[PDB]
Every structure is written in structure tokens, then in C-alpha cells.
Amino acid sequence: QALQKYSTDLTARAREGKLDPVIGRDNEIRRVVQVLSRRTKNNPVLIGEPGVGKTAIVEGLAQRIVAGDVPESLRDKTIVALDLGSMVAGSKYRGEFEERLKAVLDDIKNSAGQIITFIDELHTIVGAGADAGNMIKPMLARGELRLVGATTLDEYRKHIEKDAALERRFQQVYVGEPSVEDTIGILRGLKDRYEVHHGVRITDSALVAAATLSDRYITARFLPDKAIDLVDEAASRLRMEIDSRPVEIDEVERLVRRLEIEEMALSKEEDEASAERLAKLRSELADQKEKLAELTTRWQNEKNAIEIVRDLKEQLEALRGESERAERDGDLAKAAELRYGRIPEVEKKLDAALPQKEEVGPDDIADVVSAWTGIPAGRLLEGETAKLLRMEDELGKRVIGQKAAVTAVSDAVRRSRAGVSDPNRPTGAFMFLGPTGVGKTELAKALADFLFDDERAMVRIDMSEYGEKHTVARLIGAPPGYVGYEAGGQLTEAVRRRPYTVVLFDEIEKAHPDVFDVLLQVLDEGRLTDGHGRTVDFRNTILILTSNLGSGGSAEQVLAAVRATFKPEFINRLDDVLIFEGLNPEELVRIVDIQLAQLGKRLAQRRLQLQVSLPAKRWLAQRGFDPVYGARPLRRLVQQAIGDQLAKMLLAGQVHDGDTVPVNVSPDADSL
Amino acid sequence: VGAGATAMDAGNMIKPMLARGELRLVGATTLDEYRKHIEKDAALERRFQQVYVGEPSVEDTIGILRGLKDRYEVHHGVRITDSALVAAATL
Amino acid sequence: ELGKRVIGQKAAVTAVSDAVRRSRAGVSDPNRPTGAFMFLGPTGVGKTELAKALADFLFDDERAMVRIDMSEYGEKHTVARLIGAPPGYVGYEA
Ligand SMILES: Nc1ncnc2c1ncn2[C@@H]1O[C@H](COP(=O)(O)OP(=O)(O)OP(O)(O)=S)[C@@H](O)[C@H]1O
Ligand SMILES: Nc1ncnc2c1ncn2[C@@H]1O[C@H](COP(=O)(O)OP(=O)(O)OP(O)(O)=S)[C@@H](O)[C@H]1O
Ligand SMILES: Nc1ncnc2c1ncn2[C@@H]1O[C@H](COP(=O)(O)OP(=O)(O)OP(O)(O)=S)[C@@H](O)[C@H]1O
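Protein chains in written order, with PDB author numbering: chain B, 159 to 288, 295 to 520, 530 to 845; chain C, 284 to 289, 293 to 377; chain A, 567 to 660.
So that you can see chain B by itself, here it is in the shape it has in the complex:
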């Protein structure tokens, strides 16, 4: 009777149907049984990575015993769940724990096999000492107490295989992880258990996506655990949407309810600097209050348009009663008039009346796997499509020219959002090289802005420091048992948290030609492993490789120089190698505008503008010279001409805030 204090009853719990269904895994259950019912040393231990299903098999065996599908050698037997935790609770006196464990052991032995002790997490049995988990070695080798355990695959070799005197008494049962085709079946069986918990309904076209999708994105965790969670969270989110107002009607309202308070408290400031701040927040407040009511009206357009059709469905039901009564009265004329007329016509009408949010679908799964792990996998929800359609106009605001590159960098993004690219390869990995000062670094910074709205959220590594072959370990971590090892890589451990950034290998031709060979398998597979032995997936980034090879050759004095610097096995991995071209005098008059815009923006910190005249605005370009240093010298000329005397004046009085000074071309130089 000591077991009533230190153990619960798995089989009794399964009798009232308080466990979950168990599907598949016939070989494993049959092996567990046929090992559990032998003469001596009859005690299995399940094993395998955490998440694959190892307690579900014991629970399935319990349900199977309650059913009666096991042979006579096992029919009518109770499985007890031992608990080493609740036995060492109060045992401060020198024999309490030994006494308790002895009582439990003798009470199990006293039965005739009516009891099967099932320890979960049995790797905890090595402790309890202070001669503990050692008084069970006698009874184990004789098969008296049946033991059933479950420990993850890599604490076994850490807590048990140390004690081979013990792991001899145990029979191993390897539990391999399932595949998608059987995870589909497991989900199809489990659906109803969550359908009742969350008062919603779940589509099978969604149970398929919750497994096909969660196998190529969330690669850190194992099968089953990583496909049930999407379903559960999606159902919970849909229930939240059902109860209160839906999302995207909630975020806008919340943020407006804050902008209001902000502008209210900003209205009572006694300054002129805040006067332009109150005059900008007051515009976004209106811009957002517009969309709130627009989306609010769009909500009723669907809430009541479908709602009017509810009477017609009931009307369709009324038509079915009408056909019933037509056939009651012998009204053949109405029988078909309802069967082929009214009822089917109202049915086509009602099919047309269907607006679209009352059951999870193959898109809420994508929404959850996008909120988690950050990788965008959706359907281009009507706002992203318009923006993606004009990108070479959105990148053109920072880069000027280079349509050769902007028509290819922005190409591997569209055909990746449209669900067409290869599923296991980087979204794009191409190296573009050309003369200096053209913008080959500015493009990979203008692009990263277009996605995350932050030019610094990308992983940038400078490949001019890797001048020695031994400096590779900086980005791949150091092998175990060395100085810096519990720090991992630096390239690797930076992508394992946000697998969406755009990595940028800057100035690649300077690195010693073995960093190339390390890079060789990053392309074409998107995988590498740091010291700890963790594979990291690069199948979503955009690998970009700057360079300065050739340096002046037209096309065959550089394309014959990169061939003699890289190997074919490496050049073959990349996508098309882009060639940048120099700057014509025409396409510099716009860089002038961009530079002056940036300068004025930086001078907005003092409420200080400045006017510019087209003569000087084109004289700057006319002194944009020497198509051998690109568009860099213009950046020095601007601050030699304008900013120099502007700063010499700004600290000598005669210029203050709110002012404005126009530049005008003196016969040779610029005079304010």
C-alpha cells in the first residue's frame, strides 16, 4: 500500500480516457512488448532525440492493455508510475530513503506480476544517495520488477553508460523520428482533441500545411513537437480573433489611442522647436484615423453582407421543407421545381454569397511560422505585391545607374516571394565587381534597407582581415577542448537567431585562399557547422560578394582575371557574376542632388536650411572629374567648398537657427 503514496496509476488514468490517442508505431510497441514479456532481464528502455515520441508509446501500451490487444502473458495487468522525486522529500534521517525504497520494492515483488513499474526520466535514478539506485541491481537481473524507461539520447551516454555495471541490465529500443507522410496521419488523428478545447474547426488542407511547411523552416527541433505547436497556436489565435475585435483593427486602434495622448501632452510646450514636432505628429494622427474608419467600414461590409445571406440559407431550408411538402401533396410539378429550380438556384446564389474567418486554414499556419522564426512565408498580402512590383524605382533613390545589377538583385527576391525558387539553396548568392567608387558596397546597403528598414540589421564581415589561413576559426568557432570554445563561431552564431539577414562578404579578393574553400559549401547547400556540432541553415539569406578585381579591363581583361584567381569549382557555384560599369558625366548631376539632400537633412538638426542655384549645382558635377576614382572625390569637394566656409561662418555669428543661405557661383569658386 506504500505505492499509493509514491506513485500514480497510468493504467487507471487511461481507463477513464484521460490520455491522448496514440497512432502508428506498431514495430516499436511490438518490440517493447516482446522484450517486456521474457524470462529474465525483461525491462526495456526507450531512447532517441527529445520530441520524437517516447512517452506516447508507453501511454499507447497502456491504452492497448486496457483494450485487451496484448497476449495472455500481459492481459489484465496494471502499469504503475514510479516517482523518485516524491520519495526523497523528507529523508534527512540516516535510513529513511532506504526504508521507503525497500518497502516499495518489496510491495512490487510481493505481487505476481500484476504491476509494471514505469519510470520516466530514469537517468535520474543514478542519484538519491547523499548506495542508492544500487539496491535495485539484485532485483533487476532476475526480472522480478518490470521496468520501463525513457531518456533522451544524449543524456544516456552521460549518466548511465558511465556505469556499465548497470546498463547491462537494460534493453535498448531506438525510436527514430517519423517523416512528413506519417506526421500527416498523426495530425489527422489528433485534430479532434484540439477542436473540442478551442471552440473552432480545423481544415485538413491546414493539417497538411502545418507539417509540409514546418519541416523546411524550423530546423532546430524534431518531428511531431514542431508540427503540433503550429496547429495549437493557430487555433488559439483564431479563438482570440473570434472573441474580441480582430487584429489589424486592434493594433491601429491601440496606437491611435497613444498618438492622441502624445499630441495632447505635446500641445502644452512653450517652445518653437516643439512647434514643428506637434505639426508632424498631427498629420500621422489623421493618416491613421483615416485607415481605422476605412478598415472599420470594410469590416461591416463583410460582417453584414454575408449576414443577409443567413436568411436565404434558412430560406434554402424553407425551400427544402417546401419540396418535402410538394412531395407530400403529390406535387410532382413542385418536386423538380424545387430539386432542379429553387433549392439549387438559391444554392448557387449562396455559393456566390460566400464572402471569404471561422476555422484555421493553410494561411494561419504560415502566419504563425512567420511570426516565429521571422522568415516571411505568406501570399503577398495585397500590400507587399505593389511594393515588390516597383523595386528598381525604390532602390533607384539611393543608387544611380547599375540597372545591370538592380535588375538581378531585385529579381531573386520576386521569384523567391512568389514561391518559385529552389527550396534548399540561398535565395541568391552572386558576386559583382568593377572599378572603385561605383557603388558596389552602396547597393548591398541600399538593399538591406529595403527589407528591414535598418541598414545595420545585416551581418557584415570584413574579409580583408583574413590574411592567414589560420584565421578561419574566427567565423567557425574553435574545436572543443581549446581556449575559446564556449563561444561558437561569429558568422555562424549570428545567423542562428535571425535566419533572414543579408550577409555581405566585403572585399573578398584580399582573404587568403582557404576562406574560399570554407565558403565553398555555404553556397549550393546553405549549411556549415561550428565547433559544437550545430548545422546552421543558410537557405534564406542573400550572400553578396564585393570585389575589385581587374580594375579597368573592359570585359575580357577582368573576366580572364577572375578565372585566374578563383577556381572553377568555386566560380561554378555562384549565380551570374555581375560587372559594374563606370560613371558617365550625365549620371553624376543626380548624385549631386542626392549629396546635397543628405547635407540638408543633416543640417535640419539646427532648423537650418540652405538654397542652391542650378549653376553651382551643375558646376559641382562639372568638377566631378577623373573617371578613375568614381563618385568619391565629389564627397570631398562638397565639404571643401560649401561646408568649409559654412562652418567657418556658423561659429562666427552672422548665421543662426531658422536661417537660410543660398550658394551662388562666383566666377571660379562658390561664395555664400
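Mixed in with the good hints, there may be bad ones.
In silico EDC-like links for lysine to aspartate or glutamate, alpha-carbon gap of 16 Å or less [claimed, not checked]: (1) B:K322 <-> A:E628; (2) B:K790 <-> B:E760; (3) A:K613 <-> B:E742.
Quick caveat, the hints were computed from the structure, so don't treat them as lab data.
Here the structure of chain B is known, so what remains is to put chains C and A with the ligands in place on it, guided by the hints.
Frame of chain B, contents of chains C and A with the ligands only:
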């Protein structure tokens, strides 16, 4: 992880109750230790869902300050101008 | 059947196939790996695709082949990455 040791016995007594969702256990830990202590014990990490929290920008820090610009203004017997908030959030 | 994923290179598909039946028939030597041979040739021919096709013919899941890339093991001290660490060092329980 290492609640009470001596040979692992404690700190995983809640590992069974976590799975059935008995307790809810919201917690917050830094980022360069979740892979130094927990990730090493992937049997337990499996029961945790991660909610990555990125750093905000200046435009949102300005709002956070504009909302928090009362507790300090009270604790110290002074007043604070919004220009100070903007200049601080920039510098 | 290997001809469904790899094309040509019958000279290699034969010598790969004749290394599995020679172990099923209980004939090959019992003290040597069940077959250990090296591919080499020009790039982009299949020398990596054939290993994947073979590793799927036997398990029906391409991810079930232990795979290590020899492009990182550039120095002696990295050998300990595939053998563990000597007794009493930093990473020893791994
Ligand atoms: N064959 C299966 N049939 C039904 N549900 C399953 C099956 N395999 C796994 N599950 C579910 O997936 C989850 C896996 O839970 P467990 O198998 O208990 O985890 P585990 O395999 O014990 O790994 P550890 O070591 O205990 S963390 C649970 O929610 C199970 O209900
Ligand atoms: N085509 C261009 N479009 C826009 N800005 C440009 C262009 N060319 C140069 N610039 C400006 O000059 C700088 C860009 O130079 P970078 O691209 O960083 O140098 P680079 O192109 O990497 O050449 P190297 O080989 O690295 S010195 C920025 O300040 C840009 O504003
Ligand atoms: N003989 C082939 N049959 C089918 N596909 C092939 C063949 N050769 C190459 N491929 C394709 O090319 C890719 C595989 O290239 P591989 O030749 O396996 O690379 P590799 O063998 O490692 O050569 P290197 O020198 O290491 S780059 C896949 O996309 C295949 O579809």
C-alpha cells in the same frame, strides 16, 4: 538548471508538469546564455517557446521617453523639456 | 533504379551496386568497411549526387546520411572535432 545537485536530480522535477501545461511559467532571460546553459540540455529546452525581442529605433524610444517623462520629473523636483528627450534619444 | 537520379557514369553505378550485393550474399570480408572508395573528376558531374542517391536507396530519407565537410578541417587541432576531447578538458561530456 542547477537548483540542487550533489548526478542530476533536481531542476527537472518540473519537466513532467511542463508538458501537460499544468503551470504556465513565463520567463525572461538574456540571449547569450540561453545557448550557454539551457540549449545544452535540449530535453528541457523543447518545452519552451521563444519570443525574440528586437531593439527599438529612435522613433519608438522617443515615444517611450515621452510616456516615461513623468516619474523622473516627479521624483526629482524639476521639469523636463521635450527637446531634451529628442536630443537624448539621438545622442 | 539509381539511373532515376544519376545519368551516365555506369562505370561507377556498377561498382557501387556490386558493393552491396557482395555483402548481402554473405561473401565480402567481415573485417573491413562494407565499401570505401573515392570519386574524382571534373566539376558538376554527379560525384556528390550519386552519394545522395545511394544514401536514399537504403533508407528512403536523404537526411539520414552522416555528413561531414572536409573543407573546414584545415589544421591538426581541428581533428579533435570528430573524435572528441582528451580526458579532463573543456568539452568532454560531448
Ligand atoms: N505517435 C503519436 N501519436 C500521438 N501523439 C503523439 C505521437 N508522437 C508524439 N505525439 C505527441 O507529441 C508530443 C510528444 O510528447 P512526448 O513523446 O511525451 O515527448 P517525448 O518523446 O517524451 O520527449 P521527451 O524526452 O519526454 S522531452 C506530445 O504532445 C504527444 O502527444
Ligand atoms: N553609383 C552610385 N550611386 C550612388 N552613390 C554612389 C555611387 N557611386 C558612389 N556613390 C557614393 O560614394 C559612396 C559609395 O562608395 P562605395 O560603393 O562604398 O565604394 P565601393 O563601391 O565599395 O568601391 P570600393 O572598391 O569598395 S573602394 C557613397 O558615399 C555613395 O553616396
Ligand atoms: N549526373 C548528374 N545527374 C543528375 N543531376 C546532376 C548530375 N550532375 C550534376 N547534376 C545536378 O547538379 C547538382 C549536383 O552537382 P554535383 O556534380 O553533384 O556537384 P559536385 O558533384 O560536388 O561537383 P563539385 O566538383 O564538388 S562542385 C544538382 O543540382 C544536380 O541536379
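Here is how each hint holds up against the structure:
no. : hint              : in the structure
1   : B:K322 <-> A:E628 : violated, 29 Å
2   : B:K790 <-> B:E760 : holds, 13 Å
3   : A:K613 <-> B:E742 : holds, 13 Å
In terms of the numbered hints stated before, the structure departs from hint 1 and from no other.
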